[PDB]
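Generate coordinates for the entire structure from the input sequences, incorporating the hints supplied.
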Amino acid sequence: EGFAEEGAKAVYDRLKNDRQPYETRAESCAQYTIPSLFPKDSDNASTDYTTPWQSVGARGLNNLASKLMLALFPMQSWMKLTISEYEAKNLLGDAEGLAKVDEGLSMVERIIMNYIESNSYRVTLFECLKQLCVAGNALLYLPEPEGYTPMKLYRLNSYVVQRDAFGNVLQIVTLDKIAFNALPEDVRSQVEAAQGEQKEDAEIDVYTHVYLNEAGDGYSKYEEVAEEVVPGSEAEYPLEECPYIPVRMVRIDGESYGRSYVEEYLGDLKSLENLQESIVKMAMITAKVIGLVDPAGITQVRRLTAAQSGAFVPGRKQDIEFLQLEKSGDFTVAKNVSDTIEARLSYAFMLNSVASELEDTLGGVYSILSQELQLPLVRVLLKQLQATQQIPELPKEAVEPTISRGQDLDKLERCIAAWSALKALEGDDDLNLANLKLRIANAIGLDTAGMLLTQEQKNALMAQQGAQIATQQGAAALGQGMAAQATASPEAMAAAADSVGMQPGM
Amino acid sequence: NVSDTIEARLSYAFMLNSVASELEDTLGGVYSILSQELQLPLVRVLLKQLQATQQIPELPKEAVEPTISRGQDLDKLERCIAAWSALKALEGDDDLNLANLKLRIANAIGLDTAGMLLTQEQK
Amino acid sequence: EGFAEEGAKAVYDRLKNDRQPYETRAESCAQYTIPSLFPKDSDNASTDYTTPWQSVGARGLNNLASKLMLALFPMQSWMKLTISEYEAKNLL
Amino acid sequence: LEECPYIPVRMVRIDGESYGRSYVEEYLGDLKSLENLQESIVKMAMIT
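Chains as they are written, first to last, in our numbering: chain A, 6 to 511; chain B, 628 to 750; chain C, 3 to 94; chain D, 401 to 448.
SDA-like, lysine to any residue: derived pairs with alpha carbons at most 25 Å apart:
#, chain 1, residue 1, chain 2, residue 2
1, A, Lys286, A, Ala339
2, A, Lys322, A, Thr310
3, A, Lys182, D, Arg410
4, A, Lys85, B, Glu705
Partner residues aside, some chain D positions facing chain B, computed with beta carbon under 10 Å:
#, residue
5, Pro405
6, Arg410
7, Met411
8, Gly420
9, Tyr427
10, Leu434
11, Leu437
To be clear, the hints were calculated from the coordinates, so they are not data collected in a lab. Where a beta carbon is used, it is the ideal one built from N, C-alpha and C, also for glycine.
What follows is the structure, given as structure tokens:
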């Protein structure tokens with residue numbers, strides 16, 4: 006155990022110090038956007054999260070998380086399963102062989118979406134995205150499929166990860182606090198013989214350590230509760246398919262964690278926070294009303310307060326004056342700059358004031374997340390569903406690109422429209438229509454495999470069409486022939502009635 | 628002016644108009660937790676309760692419940708029907724394999740293509 | 003009965019202390035939006051709930067509850083029943 | 401666990417807590433400031 010000489014708990018404590026700078030930035034970003042989203046690890050139930058004086062941080066965070074959710078995980082088919090066309094065509098034959106295979110690949114895709122929707126991954130994925138925006142580096146773990154199993158999300162101050170400057174992951178440690186009764190019996194008995202008698206609801210720290218095993222590529226996983234491994238949790242995972250996938254946005258090389266998206270605009274949020282605070286402070290000063298009456302005057306304010314809704318009392322208007330806040334010129338200057346910073350922050354997130362500019366900017370934000378989050382999630386699900394026989398055993402030659410179907414529908418519809426225009430030229434003996442159809446498909450970019458009718462396939466169409474005409478014309482002649490024969494001559498009419506059981510005459 | 632500003636930002640925080648395409652997206656994140664927290668457990672309890680009282684037939688225990696807010700089933704059928712109707716204008720053409728194109732269209736749309744084709748016996 | 007050695011009433015009385023911060027925070031929230039929603043457990047029939055000086059809290063809270071209800075539980079079929087396609091094809 | 405009649409539902413859930421947090425609590429402070437500003441405005445009208 007090269008990476009597990011000292012133990013899972015010791016690794017977590019040692020590597021926690023490197024996580025400290027990222028936790029502090031996460032709390033600072035949360036304090037301005039949404040304080041409740043990332044508490045500072047000391048906030049108990051009796052802590053109140055005061056709303057920031059500016060609301061663009063909360064409004065922008067919610068909008069960006071939802072816009073990312075729609076683009077990353079749309080309603081249907083954000084991933085595709087593709088087989089190598091050259092190798093698939095060689096092993097198989099042609100025509101519908103490639104089309105039949107795509108049916109199985111498409112059928113597997115529909116299962117993956119159904120599994121994701123049935124286990125409510127979208128709820129956890131949305132929670133992960135919000136943590137990515139504020140903290141920027143969440144961890145999500147996919148447990149083995151057993152009935153209804155939702156994946157777990159680990160916040161930044163719940164796990165720890167060590168990466169190299171090359172970017173590869175060395176080890177991951179997660180910390181969980183499960184009550185004594187909620188633990189399994191084998192673990193529960195181990196704690197009984199390790200820390201003595203335990204309270205029913207006592208929180209027990211459980212560390213799971215996933216580290217790069219020595220020599221061959223892989224990951225070794227084990228769980229320890231008090232100071233030693235449980236009776237059994239040793240699990241081995243390959244590099245591509247590991248349930249613990251640490252997803253980060255805005256990744257910087259040489260760092261073990263990512264940086265949140267808010268950090269790129271935290272300075273503007275701080276500047277807007279101060280300006281918005283002072284503007285509200287001025288209004289509260291304005292809210293107070295004070296009457297400054299000249300002591301050298303003759304008006305007695307005892308008569309004004311003791312009077313009724315209408316009254317004539319001695320006094321002068323010049324004696325009574327009201328203190329009102331000045332700095333009307335300041336208020337516009339502070340308001341103008343506050344509006345300016347709000348405008349640039351509204352564009353930083355996906356907030357309208359343009360329509361064709363926010364999508365293009367959004368395109369680069371989630372490009373990292375497709376490789377960091379979308380791709381590993383599919384890879385783990387593909388292996389896990391094969392093990393539990395949820396999908397047929399893949400031949401290991403299928404590669405999945407995450408597309409945010411695809412161009413196949415567009416190519417087919419575009420190619421059909423071109424053929425429909427070419428249909429206006431039918432009946433022409435000068436032009437080779439069959440060659441032009443092939444040229445059109447090549448220009449669009451279709452595979453042109455099986456779309457043309459072979460001579461054997463043309464015979465089948467004529468045979469099926471010919472059988473219809475024989476049946477259609479045969480039925481009319483047979484029905485009219487039988488009726489004519491039955492109805493000819495009065496005595497044959499009676500014989501025909503006898504055949505069906507009827508009696509001549511009523 | 629300050630009172631109006633605070634009202635304006637509080638109006639957006641709730642689902643109050645001043646925009647149409649900006650409040651649904653904010654709303655989408657509010658009830659994402661509630662689907663798993665409230666909708667899903669309620670259906671699971673009801674299904675067992677109705678099974679016990681013979682209100683619904685005994686399920687084979689292999690059925691899973693997604694809370695959607697049908698779904699893409701109708702849209703996929705309508706999308707491929709329109710695409711197939713476009714392929715209707717190309718009928719009578721002996722160069723193109725119409726049957727293969729129908730299969731390719733359904734795969735592009737995403738239908739299961741299970742039983743949608745007429746076998747020789749069904750013909 | 004490890005969780006029920008002391009009894010149901012004793013557990014409720016003990017755990018009531020941890021509920022106090024949430025009850026107090028709920029009364030404050032209700033005081034500004036709609037005072038009638040969350041009375042403070044000491045309000046009998048002879049208590050009048052004075053209207054908040056601003057109407058944004060009441061208008062927003064009612065709107066958000068209705069919008070959530072409409073989206074969460076629409077007119078028909080906010081759930082569906084799905085069978086595993088691979089398993090169903092094999093059995094049938 | 402899957403089917404229990406008593407289902408405690410909470411919105412805005414914070415890990416490590418036995419209860420959820422209300423949605424109004426996030427914007428409670430802005431409501432307090434609006435309440436104070438709206439209060440003084442009406443009081444000025446009654447003086448008027």
